[PDB]
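Take a look at this one chain, the form deposited in one PDB entry, written out in structure tokens.
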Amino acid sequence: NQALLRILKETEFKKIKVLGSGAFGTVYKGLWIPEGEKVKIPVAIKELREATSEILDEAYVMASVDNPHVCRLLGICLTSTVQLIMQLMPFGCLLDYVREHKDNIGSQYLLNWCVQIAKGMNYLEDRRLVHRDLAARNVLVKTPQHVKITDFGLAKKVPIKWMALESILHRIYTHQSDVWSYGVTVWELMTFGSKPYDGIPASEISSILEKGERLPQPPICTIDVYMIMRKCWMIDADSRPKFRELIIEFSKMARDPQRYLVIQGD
């Protein structure tokens, strides 16, 4: 379906402010002004490094993602470089959000985020799509009660500390290895943005995983919640929970939020 992806001219969008920078490229805050519309849509713009060699085929797939908890590719600008246009999420990423609001985040917010992230991942799995880079930094906040998974499709700088053990050792990526990354993302949220395995070099992560060591229990987590994270990090990938079951588990817990998370002043 070609029309779901808009091909933009360079005159249609302007870059206003830098939001983040890395080896991938740069993400800008900008404005999209389609020619005959007289509207100014706030957008985020990611300019990829020059190719030196297909990604339009992946762009159409990213444009067809149709779920309230996964970011959709709004448009693409094809020159020597490739620039991706998406809706601006005005509250930033969930990683920065839980760090800045570490004092006043209730259990209902946290468990609802876990549900929405699982809903987005379950949608991707039903489309037979693997994300490969699920992390708290890659969950964006449209509104505090509405989050979206971003950066889907960029895979087609290794995020070792979020990867399943079989991804580190065998470079095997499946939906069950996404579940492992989901467990680390939830651990990031429950610790209000702590760095996983802080201090340990990335070259030693596969070793400590092989010895049975996992991320510690967050203090606000009852054992009921922590055992869900623990099951996401089982070596046998098929034993890990499925995103379908994670939606059901966290939905039941979001109905009685104080029973499952112990937060000061909740």
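Take the two forms, superpose them, and find the largest set of C-alpha atoms that agree within 1.5 Å; that set is the rigid core. Residue numbers count along the first chain shown, from 1. First, how it differs from the form deposited in another entry.
Fit the rigid core and compare the CA positions between the two forms: of 234, 41, 63, 205, just 41 moves by 2 angstroms or more. If you fit the rigid core between the two forms, you'll see the Cα of residue 258 move by less than 2 angstroms.
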The other form holds:
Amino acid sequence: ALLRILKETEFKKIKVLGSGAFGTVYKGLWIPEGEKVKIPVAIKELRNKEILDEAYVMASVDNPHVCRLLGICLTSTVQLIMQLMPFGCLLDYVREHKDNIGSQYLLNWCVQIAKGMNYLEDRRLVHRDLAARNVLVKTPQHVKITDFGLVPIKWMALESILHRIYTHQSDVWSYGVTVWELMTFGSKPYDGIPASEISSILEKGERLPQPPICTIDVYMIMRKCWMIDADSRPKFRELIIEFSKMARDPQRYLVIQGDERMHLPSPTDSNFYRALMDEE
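Please give the other form, namely the form deposited in another entry, since only the form deposited in one PDB entry has been shown so far.
FYI, this one's just the chain on its own, none of its partners or other molecules.
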């Protein structure tokens, strides 16, 4: 219904964008038959036709902060088509802007990721791979969650490392690590520590260090996501409220040098961005 079955003669892979746990992402072109136009798309080639049933679920998501699977091609290697995000993922974005971000942008991203994760919770889809690399930037003012519903030890809750149980509260943990990535401008969590040892350091009660720009107010939220008791860590609905609260007074909760001249887009610039690449 909302998933278009494509045939191989309708799209072309052009450039490789990256590789992850399961799949390689290409920049591609959609070639509508009978037409002379070439529309850019993102294609994930993976590494059971029932997969069609899985595809229908991701084609059925409806939220401004959740990516939708647009099409699939099954003739050979399973290929999936979704809208291409020219800004790439949020992780690469925040690294390349380590010097010019701003508290207003950072806190709003936390709101948007929480909104998307709450939507997935309402639909009872567990992400199982939330991380800054799986948050796509449509525009700098608008981020979207991807590759949900399907090796990454440093984002997994303790109950996911020891036992293989992924819950919405396990997603809350990975949400906490995702915020940490943003607040550290794309730092690698537990840098230098082998993944084999992360299981053990968490039971000793060691967490990720406090980001230098974070007040304790925001750091308490992050740490609250990493509590060993899954049912005691925050709910996504609460995260929306807290971060939305902080976004109404951003300089009070994030201490960034020069935070006054690198703030939210002007309405003229917002209208220009929106008419050009974000009309939803």
